[PDB]
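Below you'll find the structure, written out as structure tokens, and then a few comments.
In this view, the complex is presented without one of its protein chains, the others remaining in place.
Per-chain residue numbering starts at 1, and chain names A, B, C, D, E, F and G are given in the order in which the chains are listed.
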Amino acid sequence: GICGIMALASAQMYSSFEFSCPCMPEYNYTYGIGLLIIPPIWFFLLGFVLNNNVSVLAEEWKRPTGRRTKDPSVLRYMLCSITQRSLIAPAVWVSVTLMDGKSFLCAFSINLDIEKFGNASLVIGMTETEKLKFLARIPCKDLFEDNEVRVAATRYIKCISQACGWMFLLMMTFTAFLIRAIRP
Amino acid sequence: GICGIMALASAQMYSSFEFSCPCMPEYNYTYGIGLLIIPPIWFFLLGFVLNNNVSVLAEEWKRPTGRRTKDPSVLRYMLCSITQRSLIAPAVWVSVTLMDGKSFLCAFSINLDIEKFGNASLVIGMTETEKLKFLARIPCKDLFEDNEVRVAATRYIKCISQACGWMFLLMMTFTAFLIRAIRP
Amino acid sequence: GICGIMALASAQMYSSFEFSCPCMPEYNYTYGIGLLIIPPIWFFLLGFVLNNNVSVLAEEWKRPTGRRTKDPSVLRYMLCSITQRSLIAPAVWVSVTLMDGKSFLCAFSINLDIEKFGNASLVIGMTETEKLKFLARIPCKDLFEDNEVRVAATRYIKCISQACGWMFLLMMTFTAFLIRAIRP
Amino acid sequence: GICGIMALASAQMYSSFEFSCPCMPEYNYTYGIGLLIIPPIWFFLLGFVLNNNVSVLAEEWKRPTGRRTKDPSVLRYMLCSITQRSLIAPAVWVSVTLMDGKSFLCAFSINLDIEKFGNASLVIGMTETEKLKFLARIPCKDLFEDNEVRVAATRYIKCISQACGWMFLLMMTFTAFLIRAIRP
Amino acid sequence: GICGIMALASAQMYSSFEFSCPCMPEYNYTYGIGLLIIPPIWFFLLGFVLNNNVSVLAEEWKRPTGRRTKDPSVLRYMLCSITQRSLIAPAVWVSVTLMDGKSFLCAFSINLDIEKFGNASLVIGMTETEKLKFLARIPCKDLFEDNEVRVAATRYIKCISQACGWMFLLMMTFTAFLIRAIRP
Amino acid sequence: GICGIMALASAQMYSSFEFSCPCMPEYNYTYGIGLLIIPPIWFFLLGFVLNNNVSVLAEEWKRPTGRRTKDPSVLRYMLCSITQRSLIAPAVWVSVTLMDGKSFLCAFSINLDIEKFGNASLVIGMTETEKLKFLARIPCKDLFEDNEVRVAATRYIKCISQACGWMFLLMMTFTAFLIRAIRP
Amino acid sequence: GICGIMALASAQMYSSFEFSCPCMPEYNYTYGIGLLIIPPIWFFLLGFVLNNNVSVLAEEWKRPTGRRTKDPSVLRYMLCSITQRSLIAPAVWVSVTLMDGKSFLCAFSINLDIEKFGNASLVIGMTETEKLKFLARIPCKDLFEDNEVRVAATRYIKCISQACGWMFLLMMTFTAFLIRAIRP
Partner (left out) sequence: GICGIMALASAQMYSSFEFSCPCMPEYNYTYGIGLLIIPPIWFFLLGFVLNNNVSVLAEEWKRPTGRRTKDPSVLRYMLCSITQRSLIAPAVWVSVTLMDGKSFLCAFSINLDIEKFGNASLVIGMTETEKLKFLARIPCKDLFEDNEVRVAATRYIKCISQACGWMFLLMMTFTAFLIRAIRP
């Protein structure tokens, strides 16, 4: 119920989210990786909070030994089962974020090698500080002057991000395959 | 019921609201921060007023001691529970307002350092009064002459506002996590 | 029932209303303030007329003393309660009219000080009659020649109108908060 | 039932009606005032015809004295009540027609004073016949040469028509207020 | 039932009908008046044919005197009542056709006086045959060279057609008013 | 049931059909008249095939005399009644095809007289073979060079096709009027 | 049920199919005729596979003589009846494919005679290999240089394909007419 609702909400919240990459070398990595990390953590704690069966977990965690009516075997089972139920909306966020490649373009555009894409006369005679300030404006469509380099560098990091998007989806599905094959 | 209605109404009222930043240095801060503060206060008092269970709170607050049929333990519990039920539509407003970054762009565009973004020849030979009147027109798209500086300064304060939007959402969710883990 | 219908009708009638500011100094104030005053009075008398419980008020007001089956205590209560039920659609009109700022732009564009916005060479060597005829055409987009002054003066009176729109909404909600806290 | 249907039909028939002002001085007044008068008369006789309770009025009007089973007190009451029920769709027509101001622009554009709006060199050296033929083409957007005079004269008669539209709505609502306060 | 269906079908069939005026003086009058006359005759015979109560009229008309089980008083009543029920979809066609004025523009554009609208130098030195071939192309937007004369002549015959459209609607409604006031 | 379905299907299949007139004099007549004749024949045999009451007609036609349980009076009645039920979707096709006039424009554009429409200098000094190849490209919008002649010739054959469309609808309705007045 | 579903699916799958004619003389015929032949064969085997009554056909075909509970008379009847039920979605595909004429344009544009359409100076002094490579690019809108020849050759093969589309529909309907007139 709420698992399918939060999975649809995670894809819908990414669609309405307006990605504003700062295009500065100090704040590209923390913004690009931070939108890959911090909204999954919020969707994970939303999976604890919106599920009202954390309250029964709370009452059987707060009371000391002797008062525990249920054995902790079903407690370990339920806390595990509520984690792998609340691990869908984080995984849907990291799926669609890696499929679009906006965060890999924002975070990893200062690690590129510019000789592979377009003119070799771009960065000639330019210091590492100004070269980092030149490479960082690649995700900004209206701040980069060379359009052919910008489409070449966008397609390179978007295909790598889509490769990591499918390798993440295969590792997640194969993990849930092993979970529903040995544990219940 | 009305909590989900007011949460959807707060996001819908922001979408129909037309943000008109004054682009004057005397009235940028009060308008930009005021749209972050004053509509949450109105949505908080709307959470008291539209909930008709403030009337039973009113009758057990007006009558003096001796006439009180209920002990004030359930009174403290209910006034607390109606506050954390009416703290959703304010929090949805501050969420979407910080996600768009229009108020942080309107209020904090007189605190910028203009050397980081574009031409260094912009503010040379210009007094602090005219420099404040030059920096204040950054949120106004049709009043600013340098477009590359305007997109650079917009993206800088929009990513900082989105960082504060996610840090607010994490602090709010972790607070409600502790509330539903110790109190009921 | 009809309170929510008239509240939605007041917002919908403003959306279909085509604001035609006359852009003349004799008729700006009466048209701009008159659209803020006269449609709330019509929506207030519509709250009396469409509510068929004004007929029972009519019969117990027309008959003299002695024939009055009900005591006037419930009569004062019901006439008060029908006023604060019919004070929603007027308040929704003044809310959305102040949020858009078209009436404050139409009525108060002859009180502006033109040195704050754009060129100081606009009104130089111009008589008070022609200066009033120059300032009055600010709300008319297709009658004003200086576009930068027009957007600056529009944003100034629209933010002031939105400030008065939120101060009206706070004073109205805090008043209805006190009404539902002492009276019933 | 049919009162709300005819009220919605009167607003919908005005929206689909294509206003073709003749822009001739002989036929502006009769067309502009005639669309304000003649469609309310048709909607009034439609309120008699579509209401099948005119047939019982017909049978108790045709038979002479002695055969009248009902006293004429309920006959005066019912003929009055069917008039104030069939006076809604005429009033909705005159409301929306005065709110748009197309008929006041078509009928009263030969009464204007052209010095108030634009160039004083328009009508200089021009006979009353050609001046009437020049002023009459104001509602025709594609027949008038001076666009600034045309928008100024349109906004002047549209705000006056909207003033008469609200004064008509206030006089109609206050009349129906007195009707439902003394008569039943 | 089928009366409201045929009334909506007559307005819908006019909306999907593509008016192709021939713009020739031999065939303007027969096409323009013929679309005002011939589709009402087809909708009138459709009111006889689709109403299956013409079959009982057929059986009591074919059998001679002596075999007639019903007296012809109800036969005159029913044939009259089926005519005034099948006189709605013809009247809706002539209503919307006169409201748009395309047939009056097509049929009566050879009767115009061209001095009233635009340049007097249009028809100077031109024979009655070529003048009829010049006036006939007024309804054709892409065959007439003088656009100001074309909009002036269109608005003249469209307002006259809308005057005859409202005088037809008043004469039809007042006739049906007298029918439902004396006959049943 | 299926009569109204096939009538709506015939109008819908014409709307989705893309009329590609060949614009060659050998194949204009057979294509233009063939789309008026051959799809009505297919819709007529579809009226036999989709109606499953052709099977009972088949069994009482195949068996010789003596085995016929029903007299052939109801057989003549039913085969006639299934023809005039399956004569609606052919008639709807010929109605909408003559209302649009594309087939009369495609088939009869080699019979025109070109002096009536535009320049007399078009076909001067041109052989009957090249004149037939010049007149045949009138329905092709992107193959004809003279646009004023093309709109004049299109409007001439479209009004004649709409005249034959209404004369067909009157002859069909008057025929079905006589059928439902004498036969049942 | 599934017959009407597969018929609607065949028309819908053609509408979403993007026709990419190769415009090479070696692969025009096999692609153009192959899209007319191979998708009907797939829709025919889909009519066997999706119909689960092929399994009962499978069990009474695999078992040898003696074990056959049903006589093969109903087996011949059912295998025939399932073929003429699964011959609808192939026939709908060949219908809409011949109505659009894209396959006849792709497959038969190397058989054309180019003197009939446009300039005779196109193929003069050109070898059969380059003439086949010139004629093959007729279905490709963005690979053919002469647009008037391309629209003339498109309209010629599209009208011939629509002629074969209607002759196929007449031969198919007349065949199904004979089937439902002699066999059941």
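The rule is simple: contacts are C-beta pairs under 8 Å (C-beta built on N, C-alpha and C of every residue); 3 or more make two chains touch, one makes a residue touch a chain.
Only one of A:14, A:27, A:144 or A:156 touches the absent chain when the whole complex is considered: A:156. Across the entire complex, the residue among A:50, A:99, A:110 or A:123 in touch with the chain not shown is A:99. Only one residue in the set G:15, G:55, G:111 or G:127 touches the chain that does not appear here, and it is G:55.
Residues of subunit A in touch with the missing chain: 99-101, 116, 148, 151-152, 154-156, 158-159, 162-163, 166, 169-170, 173-174, 176-177, 180-182, 184.
Within subunit G, the residues in touch with the undisplayed chain are 17-18, 20-24, 27, 31, 34, 38-39, 41-42, 45-46, 48-49, 54-55, 58, 62, 140, 142-143.
The criterion applied here is as follows: only the chains that are shown with their structure count from here on.
If you average the CA atoms of subunit D and of subunit F, the two centres end up 48 Å from each other. Computed from the mean C-alpha positions, the centre of subunit B lies at a distance of 68 Å from the centre of subunit F. Across the assembly, subunit E contributes no residue in contact with two or more other chains.
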